[PDB]
Amino acid sequence: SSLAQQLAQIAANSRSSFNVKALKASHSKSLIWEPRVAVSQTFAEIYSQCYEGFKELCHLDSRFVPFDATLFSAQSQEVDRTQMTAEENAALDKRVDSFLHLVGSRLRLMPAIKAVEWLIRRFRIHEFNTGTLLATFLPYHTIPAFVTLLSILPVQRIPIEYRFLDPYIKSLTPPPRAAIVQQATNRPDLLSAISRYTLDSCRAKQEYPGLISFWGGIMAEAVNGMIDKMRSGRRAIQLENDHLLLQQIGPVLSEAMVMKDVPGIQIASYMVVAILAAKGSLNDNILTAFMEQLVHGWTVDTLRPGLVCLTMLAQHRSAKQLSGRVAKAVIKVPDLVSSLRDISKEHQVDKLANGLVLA
Amino acid sequence: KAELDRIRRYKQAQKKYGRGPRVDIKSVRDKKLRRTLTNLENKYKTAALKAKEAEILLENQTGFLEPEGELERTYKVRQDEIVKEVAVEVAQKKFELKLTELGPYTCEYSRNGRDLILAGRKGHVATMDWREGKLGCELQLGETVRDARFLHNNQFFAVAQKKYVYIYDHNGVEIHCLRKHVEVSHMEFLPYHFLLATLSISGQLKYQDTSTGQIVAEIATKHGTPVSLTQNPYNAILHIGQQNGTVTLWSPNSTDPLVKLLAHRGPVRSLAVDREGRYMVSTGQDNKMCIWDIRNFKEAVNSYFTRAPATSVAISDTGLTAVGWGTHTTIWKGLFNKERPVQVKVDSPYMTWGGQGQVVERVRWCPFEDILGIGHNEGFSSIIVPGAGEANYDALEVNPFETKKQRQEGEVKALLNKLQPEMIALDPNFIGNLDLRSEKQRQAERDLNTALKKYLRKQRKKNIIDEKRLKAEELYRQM
Amino acid sequence: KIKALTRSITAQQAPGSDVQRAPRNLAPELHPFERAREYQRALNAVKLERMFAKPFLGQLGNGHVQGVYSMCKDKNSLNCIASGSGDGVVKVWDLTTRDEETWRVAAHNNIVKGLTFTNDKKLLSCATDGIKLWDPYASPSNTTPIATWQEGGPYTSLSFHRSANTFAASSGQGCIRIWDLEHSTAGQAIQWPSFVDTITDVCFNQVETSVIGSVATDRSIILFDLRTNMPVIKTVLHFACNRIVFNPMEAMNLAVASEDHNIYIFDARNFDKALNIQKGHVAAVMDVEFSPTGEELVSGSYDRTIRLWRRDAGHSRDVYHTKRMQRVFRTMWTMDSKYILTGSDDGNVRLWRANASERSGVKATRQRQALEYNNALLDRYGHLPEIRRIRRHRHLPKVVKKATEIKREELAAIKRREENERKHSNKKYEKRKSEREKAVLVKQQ
Amino acid sequence: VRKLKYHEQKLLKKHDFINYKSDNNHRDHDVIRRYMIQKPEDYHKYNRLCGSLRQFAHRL
Amino acid sequence: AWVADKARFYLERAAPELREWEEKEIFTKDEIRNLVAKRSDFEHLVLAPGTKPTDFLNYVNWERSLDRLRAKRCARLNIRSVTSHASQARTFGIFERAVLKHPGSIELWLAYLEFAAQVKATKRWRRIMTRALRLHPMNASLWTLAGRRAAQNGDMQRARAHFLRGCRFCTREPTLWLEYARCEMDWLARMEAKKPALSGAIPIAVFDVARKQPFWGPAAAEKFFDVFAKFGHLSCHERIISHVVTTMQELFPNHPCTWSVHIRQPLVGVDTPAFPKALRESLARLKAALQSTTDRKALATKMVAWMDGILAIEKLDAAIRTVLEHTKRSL
Amino acid sequence: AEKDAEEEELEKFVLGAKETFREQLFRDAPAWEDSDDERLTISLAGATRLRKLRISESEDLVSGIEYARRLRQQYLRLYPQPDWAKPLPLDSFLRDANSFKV
RNA sequence: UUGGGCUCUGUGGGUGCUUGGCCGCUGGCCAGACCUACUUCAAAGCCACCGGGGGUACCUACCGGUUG
RNA sequence: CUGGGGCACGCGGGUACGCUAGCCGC
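Protein chains in written order, with the deposited numbering: chain UJ, 3 to 361; chain UG, 36 to 483, 562 to 592; chain CM, 2 to 446; chain CJ, 2 to 61; chain UF, 2 to 196, 272 to 347, 350 to 409; chain UR, 46 to 72, 132 to 190, 227 to 242.
Be a bit skeptical, because a hint or two may be false.
Listed next, the stretches of chain UG that the computed footprint assigns to chain CM, with coverage defined by at least 3 CB atoms under 8 Å from CB atoms of chain CM [claimed, not checked]:
1) 119–128
2) 575–589
Which chain UF residues stay away from chain UR? Per the calculated CB distances, all over 10 Å, these [said to hold, decoys possible]:
3) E32
4) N35
5) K53
Just so you know, the hints here were simulated from the structure itself, not pulled from any lab data.
Note that CB positions come from ideal geometry on N, CA and C, so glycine has one too.
Whenever a hint applies, use it, and build me the whole structure from the sequences.
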């Protein structure tokens, strides 16, 4: 069956339908309605209902006028993605992902998911942009819209990172956070992809509280579980495992420590590096480096929580002194001893104060 | 004038769909015949005119590539650049299937384009449905396979085995062995006349039915083991190439060969013929390949060289062709224009598949997607050449995508229109023309110094007393 | 400048419909085998119409006690027929209620020679006892007639006016006489002014009304007029003639049914030659009727054979029979020109079809497409030996086929003797007269 | 192929897609599928030897 | 179905004008490619068995805008040979199959009638109105549009034919009766403008039959008074006003509509010194109607609607306006 | 422009907006110098490897500076330029390898 | 011995004695390149695998004739 | 009346519009 496995690989790589039943099936895989009507649905009334939803969404938020120009047009009726060349498809894919990051905030609502319906039933987004769509609806893991998306995905198209839902796609049921995070523990790459999505969201300034709260829970329990295995007892093994961990968490944690426009992701980065400090027996230089980027990156709304982080950081530090610019910015701190008494009311700030006065 | 476009339309329509020169109307003596034939030729002209008028309704465009700058030549265009060039539709259709450990793979495409059939000479036959990438039959057949081809649809296929010839149905089952055509090394399928054509090593040629199963004609083609075979799908006849380097053109309705053209001095290695019905290109054991018109039986230009005597040739739907020779194959574009009364040699070819130690076994075109299948001893592959294939089809003839309903519809239609195999000729449409000898007998029964020496010399050996020879003797006496 | 052919299968089926889109191309480069392919389609066409060549459609009534020697269709309604027996009884059927009878009465003593309907509603009976008139569709039935005549000798036939209330009775005294309804008693007696020889039948023209033709037993026909009350012309032919007709579209065209076993198409203005010779039988023809299309013709033999015809063959398009019907007598069309009627010797009214393989009703569009496609293809190829012989091969009863071989052999010998007399006589230095010229003996005023 | 209708089967009596008159009602298939042979080649080898013995009997 | 072959017929019908447009430089190869593809998709979904007159109208407006754009580009290109006739005819074929397919969509009916009335198919429009009016005998909208365009063209006798047949059929609503009296008095005003007809007894007679019509309502008679009170610049307008007033006063004595017309009666041709005197006379009538024993809330709603209309008429005195405000507030 | 706004609106309406839709989709001095390169020249048409690097079918003898420029074009056509070819505390710690010792 | 087991899958090697990847090779290439020339003379025969008995209307072939 | 033949069918300014009936050009 050698040639059979090889043709099977091709059949996986197949995208545009080439026999009448397969055409009907992928044509009828939809979101809002049922397949029995979806098969006797044509683009026109589909464009009508989704355009009504799209005008509702553009009336809610201003920033939908670019895809009013480029992705929600009377020409966006006729354009079939399969018929153009790879660079056209790349530009189209970028337009998709930009709209997805644009639309990720208002997710739980009917006109937005009507827009989603146009995305699928015109642009085959469920097939062509499985990863970004899957991540951008992933933080809604207890709603039936997400359930229906899981219903009509193609299985061999789900990303290797994302192939955890296979029990749930065999048995339709909303998977819980414990499942997603357990895959985050003993599957780093799920965390990698969701980190990349959410940092792109804050870099395009389209972060939103449900997203960042989800991402905080995800990183926190994730790296918690990561250390909860990574403690081994063997000496150089724990050192090297902490090395590999740091390499994995590096870019996202730095971008979120000094993500200056987004205070929520600053707080979440505070959370993950704080747990990284207090649980894991990290080395003082790495700890002070965390301190240094946090010093580099805080704001005044994030001020008091970042102070809590420095209490953690210096409290789990082993040496007695601080390295310079930390003390510089703590001079820049406005209400030092008042905030410090308020936090030491519950937090034991003594090593921080000692490193301060040494510096 | 403004009617110059009208007259040019008339000329082009009468050249294209006129189906004949035209009827003379003024030579007619009779009034009823004259006015009725007037209405006839009138309606025929309106027909061809609106045929030209209908010719705009083709959906697709014609595939091509044009070198832009002066240095740019089409046979310096690479295939990954074609991938980055054109759409993901055909990018899901260019690929390679490396079957390694079973010998040089021979491939052929379905007559509709739906399916393809693969055989490895040391045992393998699989038919697979490529666009959805799914296979329906694969069986390793053990015995050495000498040839393979589909039958009239994807229901059945036919294979030249190590002694017998087999017809299988689609899910792998062997419908029947056939022991009537022993030792086939070449197999073709006349597709409209419903006929397998079987050429064996001995020189026996058998036209066998498939729809009712009698062989209609076995012929002792006395000369030579047939080195190669293909068939004309316009006359539906048999172009077979012999070891003397002559090509002979055959038809099931007389034991004699019907044409015997001469080619390269050693055994002509490969043949291929037009589908519109115009020309035929061969490659000889002598390293030259060259073309011939068929309606006029003539070489057009000087013989092209090949750098190795070409093992195969598949000419496309349009004037393009792939010529396969040894370890890499080449594609020419304009080897015979229809409109040009005389043809040209062309210095540079169109595009090639290159030599990386992948010796070709043969080549074929899908008849309806601008792709090219290369069977090589390291498996099957298919690259893309945009000019290939016809652009706009008639589902009345054949659809690349028939349903189950249209499939069974077409099988019953083809069974209704199976064509009695006596009607084979060099002239394809000669039906209803007159018999000269018989019409002379009819008219006769209706209305009712230098040669005489050979006459006497021939009739001096009979020796009937022959009262006509008595008149001849008296006339020779008066001479 | 790379660009390739790109078909999506969307252009095969649009998402949201059930229609399979079927685009065509019209290149001879794609559609070979045109001539032999349509030829094959013509072969299958002929073979299927002789699968379906099923003429018969029924036998009405119970059949008359003795055989039908008189019948007549109403030509202005659509489903009313009188059939009158040999046994001096008549009745009328409605076509629609096929089985039973509309109205039944005895009419005379001897065999009823003639019968028809009046343009309003009444019906008419000639026999040798006389001329009678009943009314069938009375709301209570009466058996007694409401008009009668007994003067003029044995009345051989009737002929009725297309539009008005005129009728004519052909007697056997060499005389015809015309009544007008409600305003005549003995009518106008017209004849060839010195003539006794009998007048079998007469058909009113319906192309040019007020015109009359009749046959006479001098192997001779006479054309008449009613405006100028006098015979017009008398043609004498080789052997006798049995029943007349004129064509209901082509006014100068007439046809006669002749003991020459022959249907002759004549034309009134010019009796110099027969316009057509229909040499189609063994036994002598008992009846003719023009189809109201003017394009078809029933010739009903004495023998067991209807033969059906166009106006312009000269030979047999169709032969019909079945052995339950020894000797056909009165053979006339209905008002759709699709369905013929067949009054037998065996006591039967039969309802048959013309163009015996056309299954009527209301077809589908592709059906009539296929049927007329068969028509056109057969039209194109109607000469080749294969399709030709499977076309002309009907089936034929034994005495009839033996007899048509007899006729062919005897007439071939007759032609042989004629040409031998010509070649070895002084007739050699003359023009060979063509056969439709030969058709007439003489013409007389 | 669908099942023919009336006229279709009547015209193509001699048509058959499955068994020809060159198949002997698949005596080869019958034998091999009763007795599990693996080379229909070998079936035909048995047939040729059987025919040879039968004709030796005929001359005997 | 057989949609492939029927659409083959219709696209072969569409062929030669597009051939003309391609031998012209008016539309290029890719444009005509797009056009034929769109027309094929259209006609396919049109001839689909499961069908709807909305998509019918889609194809309708599509071919109409085709004729428009081709005309505009032709004018920009200064071409004169090409016409619009084949486009009109294929539009007509689309409509003809549309109306044979759906006999139930009055909106699509009116769409066909509007397209015909714009493109000048006079006798055709008349016959199509005939057919659809036979098909829907229960829309006074259709009856009124028929008789109204007939009265507009000037065939008053054929207007009377359409309107009289509509009055014979539709008998549940007085609306076409209102409009028929409207067009009859409008024709009479046309006669007086071009200056039996001197009597003008036809609205009298149609009121006489309306009096025993099945929809016979007092509010219906009030609306009859309203449409009669429109265009009071005539000859026998006071005659018909007096007649309808005495008729409803004889039949509905104490109806609040009878009191409303007793108020608003002498303001037939008012708009000037004759305005405020009749205003005061009708105000005395209004005070009498207010003090009389009728449904005071009904009469007050009638008078507050009519007085809001009066306030919508400008050019009055502020004292009059304020006393209307007071008499309106006191209800 | 010579085209009306309503006219172009009709063009977008019936005919289609494929082209503009595609448009909507597709919305250091050198320190040291040498003189040997100006002194040097090379035969392009003679050079088989360098043959395909010309611009016209006239450039055979090409100076060294233009020759190295065509070399640059050949090399970039072979491999397009990368993005790294186009501080923060933990980024500095990250690039520090003394941070990774056993 | 600061966790371990069964079971399955994936990769590479070897399951034979260590001489290049490709080509139009006494030479060239791997970034390739050049692309359609030149022309004196068709071929010697034989062999050639179908299950048996049986029939031969038609076809094929062989042999032996026959008109032209 | 798809019986057949003859006249006209676009854009401008005019005489003229809750409209298009008439003059000449483009």
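For each hint, the structure was consulted:
1. 119–128: holds (count 5)
2. 575–589: It is violated, with 0 qualifying residues against the three required.
3. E32: violated (6 Å)
4. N35: Non-interface label on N35 of chain UF violated, nearest chain UR Cβ at 5 Å vs cutoff 10 Å.
5. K53: holds (21 Å)
Violated hints for the displayed structure, listed by number in ascending order: 2, 3 and 4.
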